[PDB]
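The other protein chains are all here in position, but one chain of the complex has been omitted.
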Amino acid sequence: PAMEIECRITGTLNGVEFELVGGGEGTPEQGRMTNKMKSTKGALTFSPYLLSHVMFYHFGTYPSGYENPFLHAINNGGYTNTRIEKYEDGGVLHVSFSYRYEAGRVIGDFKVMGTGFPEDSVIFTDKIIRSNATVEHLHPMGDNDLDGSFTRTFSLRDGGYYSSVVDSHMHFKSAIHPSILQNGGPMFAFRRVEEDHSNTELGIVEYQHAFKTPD
Amino acid sequence: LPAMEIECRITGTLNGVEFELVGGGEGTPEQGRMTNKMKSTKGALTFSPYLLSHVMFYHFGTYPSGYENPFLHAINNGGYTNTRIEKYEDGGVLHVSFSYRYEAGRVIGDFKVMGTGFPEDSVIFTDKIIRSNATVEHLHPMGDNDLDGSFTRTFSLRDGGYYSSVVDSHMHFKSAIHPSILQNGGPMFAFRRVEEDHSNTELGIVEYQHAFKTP
Amino acid sequence: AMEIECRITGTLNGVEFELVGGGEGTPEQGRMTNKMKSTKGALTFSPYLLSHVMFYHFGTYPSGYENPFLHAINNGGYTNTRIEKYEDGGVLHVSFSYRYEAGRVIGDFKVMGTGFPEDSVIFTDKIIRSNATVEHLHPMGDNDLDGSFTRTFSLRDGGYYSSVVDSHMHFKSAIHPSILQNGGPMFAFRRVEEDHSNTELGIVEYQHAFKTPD
Partner (left out) sequence: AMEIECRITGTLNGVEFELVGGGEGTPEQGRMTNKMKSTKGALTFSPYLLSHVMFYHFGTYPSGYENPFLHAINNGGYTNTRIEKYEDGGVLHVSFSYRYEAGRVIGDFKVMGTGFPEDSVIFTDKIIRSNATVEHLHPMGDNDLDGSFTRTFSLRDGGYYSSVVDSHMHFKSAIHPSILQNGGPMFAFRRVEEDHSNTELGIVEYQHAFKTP
């Protein structure tokens, strides 16, 4: 039985307010989740592709012998994620993720502040056609904190790319699952999305698979 | 002019721990001087109060003859926002957003801080910081409504050393920036220094700000 | 298989070093070896700092793709320039150049490291091994790839020493079309097996590129 997902995203991009609400479902054992959300303030003023990675690390597979620490945290006080994303044209996206849990349900309430995107930014065009896959390097900073880092790109219609560098800080109320904490080497997290967006209605399917070594 | 009154609220989280301070002071832009004294409403801070000195109003800086402080100028024409990303040498990050409201003779600042990624052994969780040192910010426009700022900032440590950060700021103006900033003649520099009188519950600053084209 | 010859010359905080040696590798196995000896006595810093300086030609690529570094051998070659920023402020600038002879790759590599503090873990015996990495690679135009990865070393006491690496690879001819026509990144997993003293350094490195980890 897939876990239900509810989600709200609220924020500002270059000072323009936006808000989306929606949900989907996910099966952590398959590393799969879906999320569909709709704007509550009319059309977005920027590319909906910017929000794909804002639209739940709980739904990722982990290798034999390791436990998804985000899933583990559900029963032991949870975690928050805070990401700082620096785009190649100077835009900055700051995102904070907080969660609550009910029986068979995760509810996310996410806050986004994007600033410094130039007027000529690709995010104010329909040039972005998709988000590309990423592999995040995760390692513990201490018993209650994981540090994540990855490079992310979008593909553009004329064949180019738009890139960012992402740094993430995951803070856990209780100690991180011992399989992750005691590893003595990083864990990698591969992620990819399938996006079906308009300017008012956004939808993703995401796959997340953590690994020590690729096949 | 009589000094402008200042009212200030700072709300935020540092590595998940909530804090809030409220207070105020006053400032005289023609002197480049302002004061702000604030008290924590959530008991003693869990980190060095010096970390908040540069969060505790660019309106109060002098500008050279032939130029006008664009922050001061914005008061009567829709105002501005400031958003800063500060990267500390031990990996901690502060994201700070500044919002303002104005009255005759008064500015009211409501500021939001998110600090994450500071390691347990960070100098900020000790009493080692003894003062904030002076800075010179490089300011230059991106089009008529946006300024970018950047500076390196250091703190002095009890033991004689330094703790450093790099700060990048984006200011977005509702109306065109004062034209003295927009003539394609290069950046404006803003020298700032503070005198700090802090405890872990009561913080106080006198700040001086002086902009210049040449020293 | 190909023979490997290698020279590394550099300075760390101004102190000159030079290593010389070589090995061999089998691109189809994604495997290479390199053993090098210092020519200026013992290194003044941890030999593990040089493991990732001691040949992208020797990486496997997924079915349908060709290793572009390997491809470049018969088409003008490539250079790599990396800037590595360590969590203590140290910076390593490394540039890699290659020549090719029959059955052989010769690398001549230049390293300039600066700003490592006196208390740097590099001036101790705390580093015990390099950890695995996954590099994100994507084309910046037809003749250049951009790479980025986070790298950590494991420390004796259980901790990590971290860096961020950005790489620019410039090709004299167009990058192999399987990589240019790919329309997203290629990921390069690397791991190294190190057997170092302060004068004699040895690695076995495995390199495996992938689009997806399953």
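Every chain is named by a letter (A, B and C) in the order it is written, and numbering of its residues begins at 1.
Basically, a residue touches a chain if its C-beta (ideal position, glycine included) is under 8 Å from a C-beta of that chain, and two chains touch if they have at least 3 such contacts.
**Q** Looking at B:154, B:180 or B:201, which residue reaches the missing chain?
**A** B:154
**Q** From the listed residues B:133, B:175 or B:180, report the one that touches the chain absent from this view.
**A** The single option touching the absent chain is B:133.
**Q** Specify the residue from the set A:17, A:88 or A:126 that touches the hidden chain.
**A** Among A:17, A:88 or A:126, only A:88 touches the chain that is not shown.
**Q** Using the touch rule from the top, list residues of chain C that touch the missing partner.
**A** 13-14, 79, 81, 83, 89, 91, 93, 95, 112, 114-115, 117-118, 140-141, 144, 146, 166, 168, 170
**Q** In the whole complex, what residues of chain B lie against the chain that is missing from view?
**A** 133-136, 138, 140-143, 148, 150-152, 154, 156, 162, 164, 166, 184, 186-187, 189, 191, 193, 210, 212-215
One rule holds in what follows: only the chains that are shown with their structure count from here on.
**Q** Starting from the mean Cα coordinates of chain B and chain C, work out the distance between those two points in Å.
**A** 42
**Q** Two or more other chains in contact with one residue: find those residues in chain A.
**A** none
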